[PDB]
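Undergrad: Each chain is listed here by its residues.
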Amino acid sequence: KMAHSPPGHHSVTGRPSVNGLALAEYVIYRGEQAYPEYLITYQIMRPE
Amino acid sequence: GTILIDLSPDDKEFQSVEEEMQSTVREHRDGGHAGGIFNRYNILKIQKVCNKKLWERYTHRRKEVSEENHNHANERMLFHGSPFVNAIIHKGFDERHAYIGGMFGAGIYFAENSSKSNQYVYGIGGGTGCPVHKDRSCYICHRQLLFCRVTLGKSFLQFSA
Ligand SMILES: CC(C)[C@H]1Cc2nc(O)c(C#N)cc2CO1
Ligand SMILES: [Zn+2]
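Note that the protein sequences, when read in sequence, are chains C and A. Under the deposited numbering, the letters of the first sequence match residues 1114 to 1161, in that order. Under the deposited numbering, the letters of the second sequence match residues 952 to 1112, in that order.
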């Protein structure tokens, strides 16, 4: 029901161009292109 | 078919994953609205996710992509947060886990910043926060993230504002 990657491409790299400390985000359009290797359980911590 | 195996905190593998979590926290432009206010995590558990069927599904696709991209899978480890994490580890990623309103089209999104993926643990925009307290910055409730092997292949570079 879901989109297609650009022709000739298998994914999109979304690279922030304004925030210089922000790292990249990535999009795939086939679920078979990801495998959930680790499950991490955590809390966020309140700054002191 | 999925088995979860606990890693020991004394294990180099545990410590490596924790460091990738902690070292890729950043500040966000929403001031903490979606994912909460924090500079670091308390890591409670790290488990290896094992499913033979799903792994072979992944490697089969990886081989297709690698060969199409002239023998380069362009494989990364990336974070993913989602209300559907429990379904993902048992059934695998599919269209149900995609983001229709995403900046880059209706696909499945992954982050290098752990804190970016943390913004999606309780849904798009953080949803209404944790179930128990309805608090997007809850410091009590336990959260989960996936750290995933992802095949990028030939990746289209989109600069984002
Ligand atoms: C629940 C779905 C709609 C959501 C999950 C999700 N998880 C992430 O870690 C990221 C990132 N980066 C983006 C999205 C967008 O899609
Ligand atoms: Zn809570």
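The set of hints was computed from the structure by calculation and includes no laboratory data. Even for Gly, the Cβ is constructed at its ideal location relative to N, Cα and C. Certain hints may be false.
Simulated restraints, written as ranges between beta carbons of each label pair [said to hold, decoys possible]:
| id | chain 1 | residue 1 | chain 2 | residue 2 | range |
| --- | --- | --- | --- | --- | --- |
| 1 | A | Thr953 | C | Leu1134 | 16 to 24 Å |
| 2 | C | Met1158 | A | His1023 | 18 to 26 Å |
| 3 | A | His1011 | C | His1117 | 31 to 39 Å |
| 4 | A | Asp1086 | C | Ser1130 | 40 to 48 Å |
| 5 | A | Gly1078 | C | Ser1130 | 21 to 29 Å |
| 6 | A | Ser959 | C | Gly1133 | 35 to 43 Å |
| 7 | A | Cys1092 | C | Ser1130 | 18 to 26 Å |
| 8 | C | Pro1119 | A | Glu970 | 27 to 35 Å |
| 9 | C | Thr1154 | A | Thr1079 | 17 to 25 Å |
| 10 | C | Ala1116 | A | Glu1019 | 29 to 37 Å |
Undergrad: Now look at each hint and say whether the structure bears it out.
TA: Here is what the structure says about each hint:
1. For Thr953 (chain A) and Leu1134 (chain C), the hinted distance range of 16 to 24 Å is not satisfied, since their beta carbons lie about 35 Å from each other.
2. For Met1158 (chain C) and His1023 (chain A), the Cβ-Cβ distance of about 39 Å falls outside the hinted range of 18 to 26 Å, so the restraint is violated.
3. Between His1011 (chain A) and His1117 (chain C) the beta carbon distance is about 19 Å. The supplied range of 31 to 39 Å is therefore violated.
4. For the hinted restraint 40 to 48 Å between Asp1086 (chain A) and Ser1130 (chain C), the CB-CB distance of approximately 32 Å leaves it violated.
5. Separation of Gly1078 (chain A) from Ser1130 (chain C) is about 28 Å and conforms to the stated range, judged on CB atoms against 21 to 29 Å.
6. The given range of 35 to 43 Å is respected by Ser959 (chain A) and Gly1133 (chain C), whose C-beta atoms sit roughly 37 Å from each other.
7. A C-beta distance of roughly 35 Å is found between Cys1092 (chain A) and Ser1130 (chain C), which places it outside the suggested range of 18 to 26 Å.
8. Between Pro1119 (chain C) and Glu970 (chain A) the CB atoms are about 34 Å apart, so this pair conforms to the stated range of 27 to 35 Å.
9. In this structure, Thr1154 (chain C) and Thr1079 (chain A) meet the distance hint of 17 to 25 Å, their C-beta atoms being roughly 21 Å apart.
10. As the Cβ distance of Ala1116 (chain C) to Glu1019 (chain A) is approximately 18 Å, the hint placing it in 29 to 37 Å is violated.
Hint check: violations occur at hints 1, 2, 3, 4, 7 and 10; the rest are consistent with the structure.
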